[PDB]
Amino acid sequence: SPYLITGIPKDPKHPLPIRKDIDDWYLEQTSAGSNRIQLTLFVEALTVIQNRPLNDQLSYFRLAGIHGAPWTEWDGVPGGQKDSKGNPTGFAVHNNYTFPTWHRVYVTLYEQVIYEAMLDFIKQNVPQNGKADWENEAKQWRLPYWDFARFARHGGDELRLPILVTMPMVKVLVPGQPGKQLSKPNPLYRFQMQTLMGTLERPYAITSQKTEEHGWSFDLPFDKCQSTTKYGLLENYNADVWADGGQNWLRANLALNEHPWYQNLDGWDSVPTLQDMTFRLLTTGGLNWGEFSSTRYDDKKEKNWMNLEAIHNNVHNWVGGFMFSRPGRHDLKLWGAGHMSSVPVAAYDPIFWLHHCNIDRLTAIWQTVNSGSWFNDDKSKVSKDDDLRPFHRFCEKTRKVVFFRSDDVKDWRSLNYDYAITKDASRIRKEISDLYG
């Protein structure tokens, strides 16, 4: 501490490596041969990170803890912040125009920590004769994104959670034994502690989290979970079920394709699918940064398009499960609650980061086709210079440790990653239409 966030260091041999679609990447790794070095690196590194203890601020628990509960210090920056309701809240920015830029830095922190763990894995497990090859793959690797708006391919018609997120086990290579493979628990499937999260040592215990459903208050029992869950917490179920409510990925996929938007869409031209809503986000002209970036711009919406943060909020609900209390009979098919729908605990679910990797990509796409729209309308200009706590960087012009600011990450390529879709500005509008139109 401080942990200086840079993105993966620049290697002349590896100019601006790309964050790939995680389904494309999984099939590249597994389909056409056992080309599984990056998959092995990612699984083994994330496993190590998840098994680090609470007193290591680069453990998975503590990195996820930056976002929300248990609302503690990170990297020497104190907790104790409050939200608009006066409740304890995390460092994460929601309902402000820095929502995309705070999360841009957060995703880069996760990616960097993973890369550093990959290098340690290679130094510890790859024989001399394999080091350059394994190192080359780590240097090319970037955090994959989940394209929640792209139809899943068949070997498609359906939006889906990532293939790899739905697999309890994953097959990895044994370095030093070419040809040998092992099946291991998949660290992208879920995250769990070794006890119920409500009983962790102080100050890290996860409390229940109060949420409103149909205008009434419910205390979502995240203190009673050992594992993250998608849809597995239901009111008036035995708490031994809540300890690990499962990865109910079929219900998440149903919700993605039924797209039950929480906003009032009365008066809209149509009720768009998630793909169409995403298409409209990327192609609606004449929008400013404030309107694109946040639910703050127009309180009342919470004109036939929806901002980035609002879309993102719905996808959180649809992945995690947003109904703890039993609904009416006509809505029983989507009953259940889980981590991704609750801001205080969403970052514990490993899909959180893949979702935010695509939110970062959507931001980069929109920036590409809306050059100059950046914290400069009358509403968003005040936030431009906010410190993006708790994220530290080394300033080269002043030789100081400072917090990140939004202008530091306007060009995502300064963090040494890119997206295929943003490589060629002549192609981007066509690619948006191909994927989402």
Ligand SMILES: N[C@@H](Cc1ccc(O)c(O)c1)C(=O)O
The other form holds:
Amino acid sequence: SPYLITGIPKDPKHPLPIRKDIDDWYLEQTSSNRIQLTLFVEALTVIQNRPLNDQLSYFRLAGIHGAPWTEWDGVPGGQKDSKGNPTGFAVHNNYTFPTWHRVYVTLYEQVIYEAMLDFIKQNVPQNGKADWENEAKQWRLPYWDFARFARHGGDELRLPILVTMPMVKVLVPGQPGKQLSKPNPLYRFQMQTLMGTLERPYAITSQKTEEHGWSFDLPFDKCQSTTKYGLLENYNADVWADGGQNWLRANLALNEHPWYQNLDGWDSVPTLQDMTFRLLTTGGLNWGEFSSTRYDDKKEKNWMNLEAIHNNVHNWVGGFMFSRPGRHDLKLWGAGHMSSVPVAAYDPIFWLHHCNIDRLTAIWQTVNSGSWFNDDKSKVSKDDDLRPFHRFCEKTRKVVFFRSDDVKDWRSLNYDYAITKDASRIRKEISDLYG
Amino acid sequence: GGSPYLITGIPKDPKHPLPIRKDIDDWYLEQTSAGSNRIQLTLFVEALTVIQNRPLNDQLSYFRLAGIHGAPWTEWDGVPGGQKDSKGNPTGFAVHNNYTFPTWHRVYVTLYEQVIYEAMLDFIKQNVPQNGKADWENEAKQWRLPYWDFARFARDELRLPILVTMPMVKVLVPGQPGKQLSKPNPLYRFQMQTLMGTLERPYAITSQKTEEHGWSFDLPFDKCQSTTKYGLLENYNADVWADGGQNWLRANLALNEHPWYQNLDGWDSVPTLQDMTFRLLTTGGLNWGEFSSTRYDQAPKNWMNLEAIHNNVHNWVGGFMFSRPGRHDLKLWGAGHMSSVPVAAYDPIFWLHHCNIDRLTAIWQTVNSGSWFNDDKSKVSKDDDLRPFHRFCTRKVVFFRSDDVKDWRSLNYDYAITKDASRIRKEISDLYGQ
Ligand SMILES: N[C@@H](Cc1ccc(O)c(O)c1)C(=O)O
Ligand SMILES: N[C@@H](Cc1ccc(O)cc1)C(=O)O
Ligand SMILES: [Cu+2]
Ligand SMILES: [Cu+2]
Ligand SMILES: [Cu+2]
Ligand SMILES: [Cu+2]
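With the form deposited without 3,4-dihydroxyphenylalanine already on screen, would you show the form deposited with 3,4-dihydroxyphenylalanine bound?
To see the whole picture, the full complex is given below, headed by that same chain.
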């Protein structure tokens, strides 16, 4: 420490590699080689199995966001949210929501790439290194396009293919023709014990949430594994230890789009795809309005801001009803990690979601040049330190925290998105995907 | 070695008179409570894991025992497979749509229970400290196959068993008090080491035809490595199909929404699964033909026979919609093994479901003691051989017959509800009455 966040280093043979749609990428891989898939699976597996005292373990990286609310990279915890409760470093309900998360996703991608290089050095024979290093240097964190209809070989939105597979096949380096089935590190994350009993100070507690005006303590302390919808009130806690990846219910929620906001008076109740379309194409919006639920409290007009859409998708992926609803809403009963700020980052889909939130931000920036922390509301937050993320400042030759202006051009972090490559094409592509 | 496997039930020990098959949730809760020694849960898990890991050429492997019922339609215990139905299609030894449905399945469930008990005794011989073997053996001798009470509200909701919904389960380390080990739960699913369509001949599991909204589909069971509940959806990548998950929330939703496949036009009301089960056990005046099978049937209203309720529960547990349905039915989309006759027995819940179907039969017998293969319709099937199941008779080995298992107690098990016959109508009302 400090861990200096840069994005994957620039290699002249690999100009601005793209973050791809994780379903397109998965099909590309499994149509037509499996080297990037193998690298991602093997590297993330290593990262997930690193110990708690390693701040580049999966648990500690996920820990930056929320619970257990500890230090990271020499930056102390002890932060409080608006309710006065313990909270993480993540920015929610402020205009730095997109930029804090832009750095967070790049940290994750960078840590994964560094683990891929270690993998290659240790497992790929000389004859194969050039090719495998080429693939690592081209790889970027895929995004989950939650607003794009899934292909058939599409009419509905879905969690990623790879997220729904408990096992995945990878290559055996230096044994061309050979493959192995391994547990898929994108399917879930689990510790070796209930997360509530981890050594101090890392234990994950239950998390108090409101449902229909009443308080419930979501039993995340009783989980060994992350779950989607697997936690239900008055179920045996042995079920809670691993409540499953109930991906059919997440898919149901995505297509039923039960927005939590009051849409009384709206022109229509949009689908998730249409709400995303409106976000990207409504004219005349400023950075404050686009970026955060903070801009307009009482909205928590025929369009919804980035953070509010993102909040709904979190709920719909993780499950947002622990207590049993009325009979007419039983089809969506169940709670899980992605709906809960303190523990959502433990679910590996968190990062894929946030990769698309970053992509949506980049699209919006592209077609709203100049709208950046400069309205009357968001200007105060422009120069906030994005703790706990450190970088080396070239000008001054100092270690400093990231600030939002440092990541205004996401290309400075050495990744891009296909959709933002050609500004002559982007408006057509937005209509093709989401209109 | 020319030796038929005789099905007897667990052997009689006079200090263990007619042990009971318990409700699997009660049993699991007891086993995991501080006042229990946890030995039966350990033995069940360890024995069923061994049985599941036996090779295909072992006829007492899980795959081969599940294979008796349906696909891949091979021989078992020297009795030839490769049978064909009326329509000309492959069919297994299982009896469906006939009045021997309950008795064929009574023997099948006993076979499973017996193989498990024998594997428990092997585990004890090899893994338990000498001075604990007598205690562990006595627990094995008390153990019987638990039943899933699909019509009883969980501790108001019907639910799959607690234990069936757990991917992992903690068991004892014999001789090391307080020490437990988490292991893959053999009741959660069954899987092979490859996709089941690629197993060595003659064992490969093929796709299975199903009709949905008037169209034929291939349910892609050949592309599954694991059994699934609801995990097979049309137009999903086949890598999802390899293991489509145990989507137990959807199964529970189906149990409580009870989308009966039958036309209920003219019915006084649409009963829940608990009320339909109540009516099965309490409607008087029915004969064995009417109770036992879909074959008897135009149909009666406000009542359903045993086999028809059982069929619905199969569909609701496994998932019965592969192709995408209409908007209103999206909440129950997805297909899985338990809804398909050829492959349902591979899902470990199959046996727990049939244990309760055996229980419901025993209860009905108890309150209908004079009705047994003795109406005009069912009488002709009474003396059917229940292939492939052998027993010793005259000193010859023969096939089981329905009359050999009229008294289930001859197989050395009982149920709490039938052992206490004096209370039985009050117990049916307390459990299942509205
Ligand atoms: N559940 C939150 C949304 C949310 C959940 C988890 C998160 O990590 C997050 O950033 C936002 C809401 O209803 O508004
Ligand atoms: N699909 C059957 C139900 C069933 C399924 C599997 C079985 O093994 C038996 C019955 C029906 O609709 O009637
Ligand atoms: Cu966040
Ligand atoms: Cu988020
Ligand atoms: Cu059967
Ligand atoms: Cu059955």
